Amino acid sequence: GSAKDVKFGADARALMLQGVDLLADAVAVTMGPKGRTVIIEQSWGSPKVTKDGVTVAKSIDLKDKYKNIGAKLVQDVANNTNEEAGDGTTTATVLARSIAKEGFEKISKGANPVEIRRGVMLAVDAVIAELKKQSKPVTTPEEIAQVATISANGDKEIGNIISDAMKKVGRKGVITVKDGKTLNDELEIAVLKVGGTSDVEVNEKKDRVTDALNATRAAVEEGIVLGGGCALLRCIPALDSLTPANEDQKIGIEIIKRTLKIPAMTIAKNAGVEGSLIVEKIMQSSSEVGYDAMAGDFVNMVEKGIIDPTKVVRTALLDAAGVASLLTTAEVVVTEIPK
Amino acid sequence: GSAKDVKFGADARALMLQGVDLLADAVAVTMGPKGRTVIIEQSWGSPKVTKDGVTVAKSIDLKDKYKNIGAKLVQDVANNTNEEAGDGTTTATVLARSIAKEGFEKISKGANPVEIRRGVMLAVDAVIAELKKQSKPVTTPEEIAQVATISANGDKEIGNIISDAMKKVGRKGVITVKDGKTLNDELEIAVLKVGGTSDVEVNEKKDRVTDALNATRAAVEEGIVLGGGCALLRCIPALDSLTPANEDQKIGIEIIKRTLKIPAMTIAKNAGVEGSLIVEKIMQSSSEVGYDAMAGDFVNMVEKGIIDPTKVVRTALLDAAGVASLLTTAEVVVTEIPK
Amino acid sequence: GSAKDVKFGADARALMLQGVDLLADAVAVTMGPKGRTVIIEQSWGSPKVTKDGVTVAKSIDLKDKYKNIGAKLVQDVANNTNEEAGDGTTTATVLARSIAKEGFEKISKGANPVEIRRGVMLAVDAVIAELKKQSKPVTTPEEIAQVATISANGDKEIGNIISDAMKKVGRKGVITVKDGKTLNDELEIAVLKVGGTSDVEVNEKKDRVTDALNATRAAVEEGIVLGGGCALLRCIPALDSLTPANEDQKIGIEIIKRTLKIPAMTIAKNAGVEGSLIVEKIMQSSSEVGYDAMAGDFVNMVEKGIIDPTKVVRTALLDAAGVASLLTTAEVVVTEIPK
Amino acid sequence: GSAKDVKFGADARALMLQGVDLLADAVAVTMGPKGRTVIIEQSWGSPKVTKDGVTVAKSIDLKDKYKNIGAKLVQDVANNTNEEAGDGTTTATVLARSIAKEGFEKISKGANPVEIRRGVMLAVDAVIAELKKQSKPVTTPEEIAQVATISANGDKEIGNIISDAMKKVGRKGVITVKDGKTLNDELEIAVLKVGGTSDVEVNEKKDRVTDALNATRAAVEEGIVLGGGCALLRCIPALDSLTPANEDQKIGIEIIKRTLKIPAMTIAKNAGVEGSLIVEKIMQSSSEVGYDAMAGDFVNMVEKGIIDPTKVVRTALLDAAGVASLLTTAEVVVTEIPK
Amino acid sequence: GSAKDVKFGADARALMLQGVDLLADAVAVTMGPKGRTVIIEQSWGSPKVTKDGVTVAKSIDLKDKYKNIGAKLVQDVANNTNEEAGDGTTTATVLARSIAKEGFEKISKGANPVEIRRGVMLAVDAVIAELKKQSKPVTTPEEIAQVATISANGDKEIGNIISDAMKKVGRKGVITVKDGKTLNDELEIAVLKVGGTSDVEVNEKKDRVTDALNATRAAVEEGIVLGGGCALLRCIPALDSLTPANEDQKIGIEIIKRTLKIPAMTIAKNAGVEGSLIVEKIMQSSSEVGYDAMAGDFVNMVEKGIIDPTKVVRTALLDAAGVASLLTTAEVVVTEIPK
Ligand SMILES: Nc1ncnc2c1ncn2[C@@H]1O[C@H](COP(=O)(O)OP(=O)(O)O)[C@@H](O)[C@H]1O
Ligand SMILES: Nc1ncnc2c1ncn2[C@@H]1O[C@H](COP(=O)(O)OP(=O)(O)O)[C@@H](O)[C@H]1O
Ligand SMILES: Nc1ncnc2c1ncn2[C@@H]1O[C@H](COP(=O)(O)OP(=O)(O)O)[C@@H](O)[C@H]1O
Ligand SMILES: Nc1ncnc2c1ncn2[C@@H]1O[C@H](COP(=O)(O)OP(=O)(O)O)[C@@H](O)[C@H]1O
Ligand SMILES: Nc1ncnc2c1ncn2[C@@H]1O[C@H](COP(=O)(O)OP(=O)(O)O)[C@@H](O)[C@H]1O
Ligand SMILES: [K+]
Ligand SMILES: [K+]
Ligand SMILES: [K+]
Ligand SMILES: [K+]
Ligand SMILES: [K+]
Ligand SMILES: [Mg+2]
Ligand SMILES: [Mg+2]
Ligand SMILES: [Mg+2]
Ligand SMILES: [Mg+2]
Ligand SMILES: [Mg+2]
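Sequence order for the protein chains is A, B, C, D and E. Residue numbering for the first sequence follows this note's numbering, starting at 1 and increasing by one per position. Residue numbering for the second sequence follows this note's numbering, starting at 1 and increasing by one per position. Residue numbering for the third sequence follows this note's numbering, starting at 1 and increasing by one per position. Residue numbering for the fourth sequence follows this note's numbering, starting at 1 and increasing by one per position. Residue numbering for the fifth sequence follows this note's numbering, starting at 1 and increasing by one per position.
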């Protein structure tokens, strides 16, 4: 009914990529241990300070229709990752942005983006198989504490509290988080009360505790892989083994291969160092060796406790790859007229 | 009641042709195996990515009144083709655009567009008779699988699932598509669950599965002709045999004869090659020989499985020809004032 | 109550004649066998393509108040002709435009437009008497078929269907038209189902079938005269016989005499030839000889079947003449201020 | 849903710092004995004249979205300090502004604001421990009178009335303030009636009496420290003893160390003298020696009666530090479009 | 002739003070060893980078008429100081700004600014007498080297070159500066060639060499006092000894007494430390002890070589005080209308 504006070819792709880049640049400043926070103005009260990828993504709406379409697709990526895992939304956002950019710049007159998407799906399936091959189950409560601490932005006390809750009520016991009226966090028999002074602080801490609980639930329901994005880096040889069916599938496989390095470079970049050199030295190093951004040095991640649930990284990669690959098949964009 | 703007002669025809060209150019980028997708912004939620001709056509509304009139007529073509067949909307759209363009360009002071329309109807009846003469019934389930795969953008798994459903519940059994909550497609006794990661992917896959089911229902209800637009190409000698009654009917017959080459040229164009040379080599080739765009070579279509239901192409040609021929008879266009 | 704008003399007449000319030029492109169609944008859905004079006239509303007054008067002419006959609206529109133009052009300081209107009424009464003298009753079903075919824009099948209906249910039997769900027209016992592919096509065909039914009902309720506007051309000697009472009545008689040639010239003009030469050759020819526009040659009207009901032409001439003659008497025009 | 504006890096930090500086500069003109008042226009009646920090803070709302975000955060600081103590809102506001300013000015590419916030929390915990170590309980009613007088802007009669009320109904007795209909303050058995001539005067006096009652309740529920900001100045050696864990924690500790001098400097500034010299001479002086701004000379605070509840200063420092340190971690600010 | 705008009272004073503050804030960032540079856009070529006070002052012209009047007066101060000394323009600018500010702030209905100006003149005469009493003549070439190095922004090579030139051509010999075509500075028999790479660098170095030569010429023509603004700080007791004749002269004497501390505070402020504490510790210290900003510690000025010509400081103080005191007598300002 309403009048529509139709955009063709690389112009619409460029506008959507600008929107995706804006949303992903806003989200990616909160990734890793040395990541900052984002203040979102709240209409009815005090602003909200958050380090969560999905919370930042869902709060960004753009005036331009095509940039808003791209932003909405990235929000879909982040929301799907949040609902199916509870953690890993920033990683999914950066992976989706990388895949979308790689697919957009590789579109030519003779290229077939549908077969590129197919090759992306096969590459992601291979990477997921490698990740499942590289997982190790959680056998000790210390691993649970390490996972909770890593997912709580390196907070020892949150991990200790979650480990105590899992010891008290069992590994599969019901655990919930409710805001506390005191300065410190406490545990009741499980119910977690979050300490703080203002509502913004308790909300940020509650978001981090919820992320830690979701991540440790995923880590106990599935295996454990290395942290820092190195688990995704170790799957490049799996893609090297695969053979393409045609040129477009080769393009998609190379897109996924280039994207697999993105989380580690983002984590290093937030730490103030050069991500490319860090990733190159990680790949040249041994399989057990990774990069600690908080300490800023190459260590053994299992010993240091830098580990991630394999479910979180698996679902983040899958959602980001699927949505971005579907996006790259675009040729025409139809939007409503901005009345 | 409301004030009206009245436009005469070739100016209104040019404006309506511009609207038709815009809508058809938006639609035609999704035709054939190497066709891209279209993102349509949704008012209430995430945008919709589709490769369906009728879905793209129905979502385009223009501000200019005359361009909107042309777009509405092309939307009528696409909607009628979708309702009476369930597939072939893009072919009907491109055929309607071609017929409208040729009819508009052949209008002179002494020309009679009504007799041109009559000649167009005679030519289309002859082509439909030839298509019915060239059909072959479906006798093996492998033909059903080939038809479903071709109508599902070359997806082997969709064709296999539909063939399994037809084996289990019979050729005339009740089959429906419902969105799945898992990663892969599954069959229940028939009900199809569509796999995916996000809603956009499952919606696109559901649209393709519905297209495949409608096309295979048409293919079992009627005969089978060659794919790739070659079946419509083989009917040119039938038009050569026909004799006109006057000059206007000859003009209409030549309009239909030139339009018959449009689908194959569009399919080749989406593949990144020159449509004219492909169509010429197809016409010089044997009757069984057609052009495979995915493989990009001249093959035997029945052996390779590039086949189409004759009902789909028949109704697409009929609807497009009727509506476009009625359009070409225009001399005056009356629209409402854009208050 | 509301503020009014008052216009005097030839300026208001010129504006009103501009409005009348616009509406009549829009309507007259659909007159005769070689007439085109008009697309009218519909607010709630798809546009409507029509060849009907009254349908085109009723859909034109002008922003300018005086042009809209003229257009409204021409719409009155067309609607009265449609209601009292069911056919002949385009002929009435062109006759009304011609009479209004000649009446406006012949107004001077000493001229009396009321006596000119009186002379117009006497001339039209004489022409109607001549038309009644020249009529011949319908005695054979072939005449019914010819009348239906002529009134259905030369469609043989519509005339055959209507003749079959009149044979089945009698000449005065109840016959109605309802839209069909199939490709071809069919008859039930009388109910007519109209075939087609899209709603626009069935609507145009329904309008033509309704026109044919109304025209054949008029032709069976009254006599038959020659088609192509020749019947109105044959009444000029009747006006030559008449003697005026004063100068103004002579002016009116000459206005009607010049207007009597309008329909044939319009039919020839839509055929792409010179109307003046065709009318002159018809007048120099024999009484039985007329001009076939579809064949583009001078033939015998009765033998070829180009015949019209006398009631349709009689009422079209009467309505057009009355309204236009009343129109030409204007000196002052009062309109509302365009707030 | 609504369109959002996203600002990155130091620009958003500068805008929020401008908003914070505006609100804190408005608030800080009312600190100390030589502080002025603020008139806030009331929509429904006469304006309100107040010397209360939270009342001034809550009444300032800025049009610019980022400045409004900063102002809202400072309002959160002031409101939390008012709710948890009843007094010390101006001190909390100035401390929060100072901490936010130093945190913003120390942000670099390699700096980690989260670890800076951690160091700030450690330093504040150390300062709170020192304040608890330096407290002395209230043992005499003269101390209650001194605390009430200090918190009532040096009003002897308010302190005398509150001391009489505490003698009559006990230290923990229920005491409330109600506006009086007479010129002078009176006490009933406890209910305080505030004297005055106009509603503005009685409102200002009621605000000061409520502040005095809350402060003396805190002073009787906890210990007593030196006034004039000297108690917060005496805790710098406690920070000197502390050792950092890394560079960012050292930055945070130095931020808190520099902030600890803010209240005394502001009190001196409102008195028309140089705050830096006063603070330096206070630090060089003995522990019991502080600066009397009303007398404008260095005296013994306990003997002169310049004392503060330790709870008020403790909670003001804690709230200001927490909220400001959370603010300094900002990198991206998302606001609504000013429609 | 041209229309005039007249401003009365404190509004014009505030506008002129804003202009003076703008110019002085621009100039004062280049004072002391830790002073930055100023880039002034040149109309005909590359911009000019300078650390010279008069060069920055003369390049600032304001659009507002009253601010431009204040800026023009400060430019007069700087130009007179440059012409009569060759050095000390920044000190004169900051002294003039301080005197103007205190004079403007101390104007009341009963105050007499003319007698305040008189008291300022007596105070400045007393300070000049103290400066002449505290001077010591140059007896060694090492003192010449120290003076040249101090006036050349601590450049050892410039001081060495100037000392060599004075050894070669005598203490009163003719010495000039000409731009060099080589990378390093050289001396010919005296002519100084300034090294560098581009014109901006050689221009900045030439300005510093000219400043050093003018300062050492003044230092040999007159005595030597302590650097860092300590020489002006040591004259406060001389003002303490003076007795006023009335209240306005006391106000002027206190204005000069407060202004005498400005250069040292500015030098400390440019070094990133608190000027008030540095000045207080300098005044509490011994007469020979001053503050080295480059080393950032309290040292012996004569031994370290931080010395200034007494003529430069004397003329800077005299010019600044005279012009600013004349300015403070303002009551009415008349400007031209900005056509
Ligand atoms: N100390 C550390 N050194 C290196 N990498 C780390 C460290 N702590 C966490 N990480 C990595 O940073 C990621 C956490 O980023 P986060 O902000 O939680 O993004 P998301 O919410 O998308 O998981 C984890 O994948 C983890 O591997
Ligand atoms: N591999 C192939 N090679 C050549 N032509 C193909 C191939 N696959 C499908 N086609 C042709 O492309 C058409 C399908 O286009 P499609 O996007 O479904 O348009 P529509 O929806 O109008 O049918 C079919 O008519 C088929 O003949
Ligand atoms: N083949 C023909 N040759 C010449 N005149 C024709 C022919 N067919 C129809 N006509 C004339 O054209 C007229 C029909 O015009 P039409 O579009 O029906 O206008 P209206 O609706 O006002 O009758 C009839 O009066 C008839 O005499
Ligand atoms: N005579 C005085 N000399 C020095 N400091 C004082 C004097 N009276 C009060 N103060 C200080 O001023 C502060 C009171 O400021 P106030 O306006 O109450 O701010 P707040 O409402 O935030 O406490 C107290 O902390 C007290 O230490
Ligand atoms: N190392 C130093 N430590 C302290 N003061 C210094 C040092 N070097 C120079 N100064 C002081 O800084 C002043 C030089 O400032 P400058 O930029 O030359 O201003 P101006 O051009 O007005 O003299 C001198 O008066 C000198 O006393
Ligand atoms: K994050
Ligand atoms: K399609
Ligand atoms: K007509
Ligand atoms: K206050
Ligand atoms: K300088
Ligand atoms: Mg996380
Ligand atoms: Mg299809
Ligand atoms: Mg008709
Ligand atoms: Mg108080
Ligand atoms: Mg100098």
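Because the hints were derived from the structure by calculation, they are not lab data. Each hint should be verified, as a subset may be incorrect.
[Unchecked claim] Simulated pairs of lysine to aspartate or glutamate, EDC-like, Cα-Cα distance not exceeding 20 Å:
{"#": "1", "chain 1": "E", "residue 1": "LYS269", "chain 2": "D", "residue 2": "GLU336"}
{"#": "2", "chain 1": "A", "residue 1": "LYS67", "chain 2": "D", "residue 2": "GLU280"}
{"#": "3", "chain 1": "D", "residue 1": "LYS4", "chain 2": "A", "residue 2": "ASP199"}
{"#": "4", "chain 1": "B", "residue 1": "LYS67", "chain 2": "A", "residue 2": "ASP5"}
{"#": "5", "chain 1": "D", "residue 1": "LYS7", "chain 2": "A", "residue 2": "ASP25"}
[Claimed, not checked] Chain D is faced by these chain E residues, among others (derived, beta-carbon under 7 Å):
{"#": "6", "residue": "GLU274"}
{"#": "7", "residue": "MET283"}
{"#": "8", "residue": "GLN284"}
{"#": "9", "residue": "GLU288"}
[Said to hold, decoys possible] The calculated label-pair distances, taken between Cβ atoms and stated as ranges, are:
{"#": "10", "chain 1": "A", "residue 1": "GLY195", "chain 2": "E", "residue 2": "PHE298", "range": "17 to 27 Å"}
{"#": "11", "chain 1": "A", "residue 1": "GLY272", "chain 2": "E", "residue 2": "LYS250", "range": "28 to 38 Å"}
{"#": "12", "chain 1": "A", "residue 1": "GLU186", "chain 2": "E", "residue 2": "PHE298", "range": "47 to 57 Å"}
{"#": "13", "chain 1": "B", "residue 1": "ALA10", "chain 2": "D", "residue 2": "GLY9", "range": "40 to 50 Å"}
{"#": "14", "chain 1": "E", "residue 1": "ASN184", "chain 2": "A", "residue 2": "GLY272", "range": "37 to 47 Å"}
{"#": "15", "chain 1": "B", "residue 1": "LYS109", "chain 2": "C", "residue 2": "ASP199", "range": "50 to 60 Å"}
{"#": "16", "chain 1": "C", "residue 1": "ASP199", "chain 2": "B", "residue 2": "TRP44", "range": "22 to 32 Å"}
{"#": "17", "chain 1": "A", "residue 1": "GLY195", "chain 2": "B", "residue 2": "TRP44", "range": "47 to 57 Å"}
{"#": "18", "chain 1": "C", "residue 1": "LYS281", "chain 2": "B", "residue 2": "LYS250", "range": "44 to 54 Å"}
{"#": "19", "chain 1": "C", "residue 1": "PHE8", "chain 2": "B", "residue 2": "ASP11", "range": "48 to 58 Å"}
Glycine is no exception: its CB is placed at the ideal position from the N, C-alpha and C atoms.
Hint check:
Pair hint E/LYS269 plus D/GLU336 does not hold up; C-alpha atoms about 40 Å apart against a cutoff of 20 Å. With a C-alpha separation of about 56 Å, the suggested pairing of A/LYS67 with D/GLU280 is violated against the 20 Å cut-off. Pair hint D/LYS4 plus A/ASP199 does not hold up; C-alpha atoms about 23 Å apart against a cutoff of 20 Å. Under the criterion of a C-alpha separation no larger than 20 Å, the hint pairing B/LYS67 with A/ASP5 is consistent with the structure, at around 13 Å.
Taking the CA atoms of D/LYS7 and A/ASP25, the gap is about 11 Å. The hint holds against a cut of 20 Å. Checking E/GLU274 against chain D: minimum C-beta separation of about 6 Å stays under 7 Å; hint holds. Because the closest C-beta pair between E/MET283 and chain D is about 11 Å apart, greater than 7 Å, the hint is violated. The restraint placing E/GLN284 at the interface with chain D is violated, with a minimum CB-CB distance near 11 Å, outside the 7 Å limit.
Taking 7 Å as the C-beta cut-off, the interface hint given for E/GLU288 is violated, the closest approach to chain D being about 23 Å. Checked against the hint of 17 to 27 Å, the pair A/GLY195 and E/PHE298 fails, with Cβ atoms roughly 47 Å apart. Between A/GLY272 and E/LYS250 the beta carbons are some 58 Å apart, a value that contradicts the proposed interval 28 to 38 Å. For the hinted restraint 47 to 57 Å between A/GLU186 and E/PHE298, the CB-CB distance of approximately 53 Å keeps it satisfied.
The hinted range of 40 to 50 Å is not satisfied by B/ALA10 and D/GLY9, whose Cβ atoms lie roughly 58 Å apart. Between E/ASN184 and A/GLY272 the CB atoms are about 39 Å apart, so this pair conforms to the stated range of 37 to 47 Å. Between B/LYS109 and C/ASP199 the beta carbon distance is about 31 Å. The supplied range of 50 to 60 Å is therefore violated. Between C/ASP199 and B/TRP44, the C-beta spacing of about 30 Å keeps the proposed range 22 to 32 Å intact.
Here the CB-CB span from A/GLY195 to B/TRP44 is close to 40 Å, at odds with the stated 47 to 57 Å. Range check, C/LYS281 to B/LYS250: Cβ separation about 28 Å, and the 44 to 54 Å hint is violated. As the Cβ distance of C/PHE8 to B/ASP11 is approximately 35 Å, the hint placing it in 48 to 58 Å is violated.
Taken one by one, the earlier hints fail for this structure at numbers 1, 2, 3, 7, 8, 9, 10, 11, 13, 15, 17, 18, 19, listed in ascending order.
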